[PDB]
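So this first bit is one chain, no partners, the form deposited in one PDB entry, shown in structure tokens.
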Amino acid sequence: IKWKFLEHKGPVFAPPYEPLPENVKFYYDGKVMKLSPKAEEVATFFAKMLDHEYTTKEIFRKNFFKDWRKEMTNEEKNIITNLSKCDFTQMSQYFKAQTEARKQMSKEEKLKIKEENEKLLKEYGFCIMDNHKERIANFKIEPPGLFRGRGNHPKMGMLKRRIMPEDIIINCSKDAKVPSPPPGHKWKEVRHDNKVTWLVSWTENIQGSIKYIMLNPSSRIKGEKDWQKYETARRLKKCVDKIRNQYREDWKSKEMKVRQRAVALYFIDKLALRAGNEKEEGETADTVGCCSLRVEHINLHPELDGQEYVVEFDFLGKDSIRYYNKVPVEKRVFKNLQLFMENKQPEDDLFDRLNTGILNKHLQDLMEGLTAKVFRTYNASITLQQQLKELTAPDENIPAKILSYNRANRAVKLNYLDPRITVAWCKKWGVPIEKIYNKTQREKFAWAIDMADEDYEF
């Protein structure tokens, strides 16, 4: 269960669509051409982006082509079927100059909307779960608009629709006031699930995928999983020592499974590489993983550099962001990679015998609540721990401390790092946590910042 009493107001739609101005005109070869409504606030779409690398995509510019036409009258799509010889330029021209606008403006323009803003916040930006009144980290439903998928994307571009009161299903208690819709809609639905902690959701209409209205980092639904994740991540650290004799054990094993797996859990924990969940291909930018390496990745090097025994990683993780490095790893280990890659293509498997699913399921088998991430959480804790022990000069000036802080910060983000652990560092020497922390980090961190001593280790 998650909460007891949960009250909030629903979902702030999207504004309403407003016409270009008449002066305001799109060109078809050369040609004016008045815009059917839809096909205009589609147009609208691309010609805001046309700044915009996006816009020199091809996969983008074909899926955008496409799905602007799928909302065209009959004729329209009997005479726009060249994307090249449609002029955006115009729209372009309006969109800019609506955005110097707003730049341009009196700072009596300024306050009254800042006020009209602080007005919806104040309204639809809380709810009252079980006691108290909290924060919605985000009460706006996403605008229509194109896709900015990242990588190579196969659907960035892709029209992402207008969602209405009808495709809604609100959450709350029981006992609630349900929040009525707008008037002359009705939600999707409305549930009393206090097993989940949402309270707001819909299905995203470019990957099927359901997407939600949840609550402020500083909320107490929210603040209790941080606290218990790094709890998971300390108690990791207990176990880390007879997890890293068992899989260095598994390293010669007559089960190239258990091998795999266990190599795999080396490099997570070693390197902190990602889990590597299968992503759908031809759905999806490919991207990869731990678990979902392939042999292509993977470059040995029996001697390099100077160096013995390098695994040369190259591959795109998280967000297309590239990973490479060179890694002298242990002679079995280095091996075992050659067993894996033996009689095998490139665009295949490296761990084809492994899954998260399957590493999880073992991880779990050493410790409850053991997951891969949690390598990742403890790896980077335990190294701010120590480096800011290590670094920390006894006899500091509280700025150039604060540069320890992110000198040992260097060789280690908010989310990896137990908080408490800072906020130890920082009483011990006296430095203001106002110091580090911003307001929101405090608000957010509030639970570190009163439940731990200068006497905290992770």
Given for the second form:
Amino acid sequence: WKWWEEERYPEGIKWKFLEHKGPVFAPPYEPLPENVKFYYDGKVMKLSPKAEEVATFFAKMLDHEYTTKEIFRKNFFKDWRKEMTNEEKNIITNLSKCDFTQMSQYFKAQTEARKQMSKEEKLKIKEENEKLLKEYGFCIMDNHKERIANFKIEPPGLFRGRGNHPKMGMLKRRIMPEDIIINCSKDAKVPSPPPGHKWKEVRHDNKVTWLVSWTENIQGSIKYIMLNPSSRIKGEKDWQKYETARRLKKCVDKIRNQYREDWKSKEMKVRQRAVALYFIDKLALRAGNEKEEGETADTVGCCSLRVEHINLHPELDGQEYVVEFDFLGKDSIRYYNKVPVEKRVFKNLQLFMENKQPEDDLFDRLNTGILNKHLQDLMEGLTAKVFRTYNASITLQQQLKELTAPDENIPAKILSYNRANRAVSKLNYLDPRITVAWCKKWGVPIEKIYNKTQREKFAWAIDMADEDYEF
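Having seen the form deposited in one PDB entry, could you now give me the structure of the form deposited in another entry?
Single chain only below; no partners, no other molecules.
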């Protein structure tokens, strides 16, 4: 089936009709058998089916760098004084006096017990967990049925937040049928609520891409259940994401000359604007919005950058005007680059960190809003992220034009694809139509690069790219 050849639904409504089967929770918590333990301060303590539940989550992560983490322990003591009784929490004054050891041989033996299940016992219940995929896994829509990406609801556990996240090790409780909000049309066969329980609400909102959604008890953010990346609704948005990058190509020349001029400006917020835009163009940086200090980890993007984050050198490693970026981005991954800049920029940068304490911001009169509000005036649909998608793709066009040998053989061209793929992260940002434009200009089978799963997401690109598709 092809959706790119059919008529496109304009801005507003995201689906004409929708009827989904509903979600799937974690099969009601299975209790601990008689033989398992819990040794406390010399003696032994007993556990309630609520505290016994939370117990199994710390068992599932004993020899992890998380247990030897101070903040993680601090939050497990707090969130645990809630998940038990008053008599149980009466004696307990230190976690250091606990032993999860008997549950640790158990958890480990339980992992190896599936490695003991036969070439028939591994299909007895393994076919049953696939009976779900057929029932609750697909959902009807406008044309045909689309596959749902994550029908199985987030099972309760702990928070595996990155780096030095202040809310790691908190009770991420079990989602009950009453926290759920179902979304589908008011002329459809609505999902029957699990025996005895109600839903939170039901909305017939056709302006959204989601089917089901609940709220996270930890941070207060809403988590959704959407479709498979194969879908019209999940694909047309990525098609549009690349189409947005296409409409940029010509207007780029003007943007660079535009901000390059804004360097020798007369005002604060204006001179500030341009510098940032230079980094997001060159460095391939992210924006970094207003973060909640005390809610999340201390990461920084471009707008959220601080004084302490940049070190500036006039002459370094034979190069003039160098800026040394030292910070932790998304997923707490440290970004380090000794990047050489232009004269005017270095000079502009100097002027910011001019009587300022290290703990304060770098970009005084500037945030993401002012950045994106500017970018919108310049073009329709243009946002800070578009640069990461533009730069990364236009490279591949110029790379996939010279690195391929004409009178070459088999892999002497695929050795050039990975060479261009090395020229920087793979999965996103790159336009599949450039990769497919090259596969017909020269003639390389798609099954060799992209597997069955990947040939599912780029399905639109396969059927709409020829031997001369220039970006």
